[PDB]
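The form deposited in one PDB entry is given below as one chain in structure tokens.
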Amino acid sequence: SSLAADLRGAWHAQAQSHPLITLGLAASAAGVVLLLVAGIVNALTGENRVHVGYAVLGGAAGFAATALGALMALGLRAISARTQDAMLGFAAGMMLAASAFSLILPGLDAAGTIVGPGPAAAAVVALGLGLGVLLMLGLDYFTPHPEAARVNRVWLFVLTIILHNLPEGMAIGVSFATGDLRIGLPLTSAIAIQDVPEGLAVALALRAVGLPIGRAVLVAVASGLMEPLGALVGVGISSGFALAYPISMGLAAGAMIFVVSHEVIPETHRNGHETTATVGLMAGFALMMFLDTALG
């Protein structure tokens, strides 16, 4: 009846019930660890020369944006679901444009120069892109959605609340892996716009579980530490070999498209203000497209 046994049993249960999601998670997990090892072994042997500095400031900004919203949960009055859906809807739009125009596109240009700009450029991004979708489909499924029992769920809840921002951080690290501000700033800022609404929501979600407002906020602030930590994971997976960057550019794109469509867009519609949320999605997408078009 230890939560370790509870996790192993539930993980056994879902692996039996969803074998392809489970197999697709095993493969993606394997790739991430392999590109990470490769990127560490490359570093240990000299010769790496990645751009960690910009990724570290990028991850830190995200820490602050999460905290910012986390602290909005102590304010007086309230923020209606109506305003949150627009805030979350706008961010989801900038996040869609960013993984299209700041990660999938440059990742083709990346893989273009190594292996050829044809179907060979397209199939290297795809290896990442499908791998990122499968990665976050498995984490969605192998993550949770009566005194001793009720407590362990607060544990299983707080831990996926803490970790869930690691991918958003790894996308940040991958955009900045070449130190290119035109690749990085659009993505990093788009995740920072998203972090404010999710910071508030993460915090209020914890208060709903039963933590007093202050620990609930302190846990919400600690959630943003995964984006500095993830950015470190992102730079290392981009860097074992020449093909690791475009694969990773693809994998971050896949991870971020899955999170928006299958996780955040349902949050906007669940509150019921469907029209205002999707018009934001258009506004977020269009303006992000405009800014990448301007800076080129």
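Definition used throughout: the rigid core is the maximal C-alpha set that superposes within 1.5 Å between two forms. Numbering follows the first chain given and starts at 1. Compared with the form deposited in another entry:
- Rigid core superposed between the two forms, residues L163, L127, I114, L105 considered: the one with a C-alpha shift of 2 Å or more is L163.
- Superposition on the rigid core between the two forms places the CA atom of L232 less than 2 Å from its counterpart.
- Annotation: Cα of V50 displaced by at least 2 Å between the two forms, core superposition.
- When the rigid core is held fixed, the Cα atom of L206 travels 2 angstroms or more between the two forms.
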Contents of the next structure:
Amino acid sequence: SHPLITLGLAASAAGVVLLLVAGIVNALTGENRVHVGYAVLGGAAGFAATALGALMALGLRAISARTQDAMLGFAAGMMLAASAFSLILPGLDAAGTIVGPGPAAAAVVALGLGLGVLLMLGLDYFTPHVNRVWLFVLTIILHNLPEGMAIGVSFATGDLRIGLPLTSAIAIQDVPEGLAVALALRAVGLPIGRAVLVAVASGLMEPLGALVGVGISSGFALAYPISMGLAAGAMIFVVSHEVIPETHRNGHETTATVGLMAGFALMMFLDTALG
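Next block, the form deposited in another entry, ref. the form deposited in one PDB entry:
All you get below is the one chain by itself.
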């Protein structure tokens, strides 16, 4: 019948629901702590940067494949580095305060990572790939939800040192993403204003994702490092499965790799400068 991916999806969605309900219940039993505010601001920055990129498509009505390969390589490189330096490693530091240090902390983050990958892997396998247009639009609007989620997760401590570099890196990555989303939507056949409209709307999952992110991470002390892994795993999958294969659209692999390494090193700079 079905692969174990279906069981992974079910257990990951159940885990997300359990984490999110634990968040709500705790938020219904605790008071006077800011940590929603920066997650909201960071998600709003994500929306605004995604809109800025999309609006550039109105004039730059198409770009060379070399530019696409460069742009999405840069986007991929930023988000792989951000998953490592701003999610996984601070998750291991956080889980090191509770059950670790040492591999007890790694088990908590690996539980996160597996849930994040199995969620996104399951969601992809339940796309059939009644039109490409509607399936692709649905895919696009949801695409930024793990980016919001990473924002809200990283800010769930209120810590500028963790959330600001990731949010800056996502915000910077959102401009290529929103532009490339808008131009892809045009190429599918939507009028450019309708394509740019949907691309702007895709940024609304970045605030909404940041609400989900601050939720799932708040219910209990280990829900934070679990959610750090979950956001990292969801991002890592989405980068490896959505973004990176679109960086080879006409074989400009050198251009794509220069973008990747530039984005990776830029994210390392952002964390070194803002952390």
